[PDB]
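One chain follows as structure tokens, the form deposited without the ligand.
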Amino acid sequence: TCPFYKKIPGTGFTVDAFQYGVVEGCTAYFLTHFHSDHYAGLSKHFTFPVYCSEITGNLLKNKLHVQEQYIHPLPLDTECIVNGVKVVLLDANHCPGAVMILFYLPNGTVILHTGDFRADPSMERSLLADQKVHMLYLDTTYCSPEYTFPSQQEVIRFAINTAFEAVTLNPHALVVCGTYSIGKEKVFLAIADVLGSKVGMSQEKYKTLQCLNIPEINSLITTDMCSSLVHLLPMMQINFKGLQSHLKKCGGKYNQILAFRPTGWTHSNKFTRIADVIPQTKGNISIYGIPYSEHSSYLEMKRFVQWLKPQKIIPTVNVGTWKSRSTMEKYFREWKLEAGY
């Protein structure tokens, strides 16, 4: 049964609630972004409206094969009417096509649903700046003060240098990057770009990227592996046994892989900086973990919420245990008491 934190009061709207069957009363199903926890349940056999970004639309049409009529894409940053309710989609700074949704209720209540987001100061000068938000449905993935990580730009800086160093030291080395969903495309695109290459990948991954409205994408990616010295592999595959395997397949064209595993937070964030990172090494295969996050750090989230001063906050992540719920409320109270809302 669809939980109360996927439902928008005073509408027939639900958010990311595609895995329960028909939800009684639901006229419209919003999808914040194309990640499988959020879309779980969609298929070619959905015959209710889906509202989503253009980019999310493309992924629904081409990867899940939903029929063009049931996908309603909306532009961003545009006041739009949806069954006589004003809504706005805003960039979530998560993965490609990811949105937050502003709901303007008939009664005068205004609700923000973040989806998955990485909060940023640029959102404080968006349409959000213009009016009071009473309710906040919040991505709480990293709602705990241990959760720090560097900026995306810091990480991209690191990766670019590492890659360029080695390739200039040994020109028969291969860069590999792990991946399992959309998100984090800048890792492999920045590397490829410093190396004078396209990125090579499987046909299914190429198809996924061709939906994302990346500009000049045809000049950045290919399905021809042999021609490319930045490759993408399934994240499962980024280990010694699976890389060794892959080092064979290229057929004596490279003598060293330098792989990057973009990860979320890991406990080595608690003791080690980004400039002081190392990889695991079994012979000629070195695997970097690099903490490129597409979710708010604790401090980023804290700041966004303290600027927003919502009358009420409803968590969408880590809501499955009473301990997490109780812990999170404690942080929301401190924030509100510090900030005087």
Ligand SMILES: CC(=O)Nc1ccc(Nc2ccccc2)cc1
Contents of the next structure:
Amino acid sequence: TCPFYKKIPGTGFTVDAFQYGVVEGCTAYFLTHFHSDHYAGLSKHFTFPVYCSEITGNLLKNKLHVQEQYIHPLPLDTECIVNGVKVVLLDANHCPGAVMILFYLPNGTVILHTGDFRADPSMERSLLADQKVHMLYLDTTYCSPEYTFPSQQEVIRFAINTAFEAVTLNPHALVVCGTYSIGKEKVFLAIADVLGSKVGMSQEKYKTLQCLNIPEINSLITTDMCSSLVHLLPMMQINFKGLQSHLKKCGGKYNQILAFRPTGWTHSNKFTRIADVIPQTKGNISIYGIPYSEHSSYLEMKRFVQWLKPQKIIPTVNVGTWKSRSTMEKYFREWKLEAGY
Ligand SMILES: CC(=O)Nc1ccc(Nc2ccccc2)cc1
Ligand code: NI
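Next, report the structure of the form deposited with the ligand bound; the form deposited without the ligand has already been given.
All chains and molecules follow, beginning with the one already shown.
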């Protein structure tokens, strides 16, 4: 059955609720972003209205084959009316096409659903700033003070500098980047840009990236693996066996692999700095795990919530255990008291 935290009170709406069959009294289904835990259940046989961003709509049509007559894309930062309720889609700073949703209830209640997000001070100057928000449905993935990570900018500088050094020392080294979903495209695009190369990948991945409205994408990506010295592979293949196998398939064009896994967090963050990250190495293969997050750190989340000052907070992640629920509630109370309420 559909959990309470995917239901929007006083409306016919659900959010990211496609795996529960037909939901009782749901007149419109919202999808915040194209990640499988959120879209699970959608297909060509879905015949209810789906509301989403333009990019999410492109992916629904082309990857899942949802019929166009049931896809309702909305522009960002624009007041729209859906089944008689005013809504706004805001950029979530997660993966391409990911949104937060503002709902203005007929009775005057205002609700923000963050979907998945990485909180940023730039959000403090969107349409959020223009009215009080009463209820917040919050992405609490990393809601604990141990979750510190660097900026995306610092992590990308590290990856660019590491790749440029390696390939300048050895022109016969291949760079490989792991992927298993949309998001974190900057990792492989910034590396390819510093090496003067296109990124090579499967036909299926190339199709996915063509759905994203990235400027000048025909200029950065390719299915011609032979022309490219940055290759994308499934995340499952980023290990010594998988990479040894790939190197054999390149026909003696390359004699070394430098590979990146762009993981969310790793307990190395609790001890170590970004400058101090080191690879796992075996023979002519090195694997770097880099802390590229598309979710809020604890401090970023805290700042957003103390700025917004909602009346009620409803977590949407880590809700399955009493210990996690209790821990999150205690942090919310701390944040409230520190702000003076
Ligand atoms: C679980 C639940 O609903 N509790 C709750 C709700 C709202 C706040 N709001 C707040 C936070 C920081 C600063 C000013 C207000 C804090 C805790
Ligand atoms: Ni996500």
